[PDB]
Amino acid sequence: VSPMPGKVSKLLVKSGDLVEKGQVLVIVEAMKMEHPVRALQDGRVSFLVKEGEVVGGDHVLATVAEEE
Amino acid sequence: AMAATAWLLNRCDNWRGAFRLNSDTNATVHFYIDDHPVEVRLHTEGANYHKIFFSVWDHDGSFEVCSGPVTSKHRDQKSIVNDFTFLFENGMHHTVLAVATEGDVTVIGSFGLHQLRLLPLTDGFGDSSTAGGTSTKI
Amino acid sequence: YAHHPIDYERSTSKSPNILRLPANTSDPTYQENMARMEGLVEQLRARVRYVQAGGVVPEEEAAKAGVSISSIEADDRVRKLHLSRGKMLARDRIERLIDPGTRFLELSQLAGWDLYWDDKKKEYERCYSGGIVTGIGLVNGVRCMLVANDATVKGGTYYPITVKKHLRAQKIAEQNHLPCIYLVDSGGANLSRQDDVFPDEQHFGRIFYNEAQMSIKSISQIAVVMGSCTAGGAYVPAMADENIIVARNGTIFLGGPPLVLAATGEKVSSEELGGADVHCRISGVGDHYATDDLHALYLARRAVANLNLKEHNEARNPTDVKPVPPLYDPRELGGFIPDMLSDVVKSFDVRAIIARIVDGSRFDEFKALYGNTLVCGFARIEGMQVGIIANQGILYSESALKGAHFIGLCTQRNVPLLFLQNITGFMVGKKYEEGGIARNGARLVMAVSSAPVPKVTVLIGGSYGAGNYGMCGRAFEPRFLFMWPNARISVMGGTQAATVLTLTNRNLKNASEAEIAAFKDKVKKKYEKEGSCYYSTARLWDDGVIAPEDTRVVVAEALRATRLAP
Amino acid sequence: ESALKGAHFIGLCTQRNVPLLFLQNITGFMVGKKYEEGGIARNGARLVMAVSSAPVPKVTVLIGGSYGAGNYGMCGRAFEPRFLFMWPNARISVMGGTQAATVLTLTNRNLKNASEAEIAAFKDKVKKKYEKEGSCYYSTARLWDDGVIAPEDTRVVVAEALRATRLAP
Amino acid sequence: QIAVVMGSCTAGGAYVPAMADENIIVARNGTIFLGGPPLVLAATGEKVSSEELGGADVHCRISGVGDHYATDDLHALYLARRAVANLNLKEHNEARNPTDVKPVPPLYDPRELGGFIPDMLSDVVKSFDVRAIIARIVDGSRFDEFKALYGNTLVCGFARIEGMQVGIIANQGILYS
Amino acid sequence: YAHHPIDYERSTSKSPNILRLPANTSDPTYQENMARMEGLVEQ
Ligand SMILES: O=CCCCC[C@@H]1SC[C@@H]2NC(=O)N[C@@H]21
Ligand SMILES: O=CCCCC[C@@H]1SC[C@@H]2NC(=O)N[C@@H]21
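Residue numbers (PDB author numbering), protein chains in the order written: chain L, 620 to 687; chain H, 482 to 619; chain A, 135 to 700; chain B, 532 to 700; chain E, 355 to 531; chain C, 135 to 177.
These aren't lab readings, by the way, just hints derived from the structure by calculation. Note that beta-carbon positions come from the ideal geometry of N, C-alpha and C, so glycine has one too. Incorrect hints may have been included.
Stated by the list, open to error - Cβ-to-Cβ under 7 Å is the rule here; a few derived chain H residues that face chain A:
(1) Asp494
(2) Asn495
(3) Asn503
(4) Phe569
(5) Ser609
Claimed, not checked - Now the stretches of chain B that chain A is said to cover, found in silico as 3 or more residues with beta-carbon under 8 Å:
(6) 568–574
(7) 579–592
(8) 607–618
(9) 679–690
Claimed, not checked - Not everything, but these chain A residues come out facing chain H in the computed CB check (under 10 Å):
(10) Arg181
(11) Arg230
(12) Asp233
(13) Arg237
(14) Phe238
(15) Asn383
(16) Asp421
(17) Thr425
(18) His429
(19) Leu433
(20) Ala437
(21) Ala439
(22) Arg465
(23) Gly678
One chain only, chain L, in its complex shape:
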């Protein structure tokens, strides 16, 4: 989930691809704060947002679920 400022962009992960190592799933910018999330939850990650879309605080940017 990203903080209030949102403005997600430059997502470098493909939807529905396994993420065991903690790569930068999404990078959100808050006052020049890239603050990459770097999730380490295993399983494929499904994106519900698009680059350049301003999102609210603690929004569900993606659901990191076990590969089923």
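Based on the hints, put chains H, A, B, E and C with the ligands in the right spot on chain L.
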């Protein structure tokens, strides 16, 4: 090159654990071959003790060197007798059993046997007075 | 559930979770970063060479260093004249003095780099070093501090950067109980900046204060008098357990040879005025009278031998150890470092750096799910257990709590600490301020300052503002400081200060473009005019400057330096 | 001999835990060759060693004319004085207040001729430099000898200082 | 000191995880509570999941409680061992107690210790001995007697027990002054 | 000046100035002294 290297290693940890800042190492040996002093300079580039170079008689090259077990810690008159391996860049390789002492370095291998005398540098280190001593003595 | 080991296997195997497996893929991003780093080290590694053998660089291809062209012939002439005298003009005295096959540090280097601006607008004072060279040296099995006065007297013996370097060396030696060796060659004083160097405190008197406080604590010190030490410089030979005066060119004076003239000017030979007087004079001044440079250095070594510190150092630091290298190649350290001059902060990682530096590429994480911003845990550095604080992101209250807890444990069990500085990163949100963030920051700083554990910090990059107060800073007694090339030490904001100070400075609403040209560009120039290369080290702010690739060796030197301590 | 007497006094004062007061003056190191041959440097070191080693609380007040390295013999800011105070007629300068002018006149790129213009450019200039500093500006304003007082009310100030230094451990 | 929280520790039992240099909470069944799940009922009984009431909450909650979150029993035990490792006591114990020692056995078989012990439930006290017991227990079957002719009732002297010098007081008879 | 060792050799050799080389010549003077000493120890 092999004779000079053996005297250091077969005496101490020269080139072992050595480290400087934003620079590179250097250590030199003086040989008194015949009646003419001979200087050999050895240095390293990178983080490699292995990669070593040389410049004697205006001839430069590279080689690597792998030693053997360390022996003769007491370093007496017999000093240290160890086998050495040298991989020069051209492609060769050599094995040298070097019994080195302060007086000389002896290298035996397929080349044959050669003993190189180390340039002597001793002269009453301390009592070196050239004062005239003109008057007011005893 | 079908799992019943005995902890090992799970442990003592090449598959323990303790290690780290960040393997890079050398992509453009890597290249962009890796390449820049390379672009950030070549000259660092180079200027060193130029100041070394300062002003005499026969290659004349030193364009990789932005240093201005200097009259090489004048420096070569001076060096020839000095070496004709019979004394070695170089740092040669040092590597002659230290045992072969041993290590060295060169504590402060590039000191006084292009510091003073002369009357000539395009000319700076040519202080290739601070006038001295300082490094930790291991003599005869004894670890010692080495301070050597360079023969550069063209500008004057000592500057506000020279006495500070000497005093930093003395404080380090006293803290660490390493005996000092001073190589003394002076032109007296500097009668131009004398108000800046003589009076007040932390000046030339504090050298004399320290040389007595050390001998109170029975930390023997040694000085070698190669040339004249006048103008209060003659007290160090007098205040010394052992002192060496060279037979011909070693001189010590409280009053100069010109000074006898105009006040009972019965001038006589400079030998009789206080120089090396080997004629069995009544004065019992100066322990050793040596005929040659090698003789003097040899007697210095011999005196160093009879101190009984060899047993204590050998017991405390094991001489015969098996080096354990990390699992990943240390050349990769430049790659994970991002680029520079990027409008918005780039991304960064820490795991990779610690996995590249530590032994066996391992780590001992405390709570990482919680306060995900800050990183703390144990490690191993060449046979010694270490604690590391490396910063990543914008600090929270919980990060400060975790830091305080870690420092508490480390002080409790006597574990050294390592610091890897980063951005300030204090959130300004109103809810965070209402949540008592100031109290938690105080909680952190209190523990940081109160810790009796030895502390070393190294700049990763982007250390700007009051955030360093949370982790560590020069004003918090770090026994050593070292720096990487991509470092900026500035106000509470590196980039934001520009935006904030744009608003509140006598600006009309109109002329917006000319104003941002005059405001934002100017403040950017001010806040990145300072950098690792100039504002630091040259002014003995974070005196040590290193390469990112060779950090573990340096930190291991530091830790061996801080175990002779009481 | 003055240095020996000073060392002996400081030894007694440290032995019996008696506070010390300093009243600074000129440097006054003789430059005679016989004095240098008599081990004067050793005796100066004897004095400075005792000065710095003393755990006794120490306060100094400038009488006047404290210029040069002589203060190292008595006391100085770099020797941890728990307080410093100053009188108006104070000058803190190089090893020579007046002689530095004469000595530095000789050894500075001077032609033999143009003597009057040279002494106007050398001696007057160095006098201006070495008395441009004074009690009022170079000191206190820069927290060199932070306290500035009147000569008439010195005992009250020193009594404040001594009462300040008896809560000490 | 180190504590591992395998299950619930309520009713003042939750302070040990709080008062601990290192503490371990298992991912699923590790729970810590100051107030019980029944306790929320009858006092603002808005009951919610036992996870949210104080159990193992691996969701990056605001609470910085509990150092280690381990997915399995073996993982938790392994992290406990790893934390125990970083205490620096290994050097001190190894120096104080020599790890590599040569065992010196007694001269007589230790199975005989039951024999010199008399029987039980005997109207009058039976007879007893000590020398045999000490000779069977100590190293090399030896002893260092002090005065034994005098105050023949009580026994005192030095000995050796597996490389360490020991003093033994063994009682035999009716005590005198 | 054509002298560049590393302190040892100058040290760790059988030729360091640290040692002492007073070798006696056993002359009458030596005998007079040596003999007396012998005359001062026997009993
Ligand atoms: O949106 C939240 C980001 C807050 C960042 C605050 C830090 S404090 C120092 C620096 N100067 C700023 O204006 N922002 C950062
Ligand atoms: O009687 C003649 C001797 C004069 C000594 C003058 C002293 S020496 C040190 C100090 N520096 C000066 O310029 N004058 C005094």
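> Can you name, in rising order, the numbers of the hints this structure does not satisfy?
Replying inline: Result: hints 4, 9, 11, 15, 16, 20 and 21 break, sorted rising.
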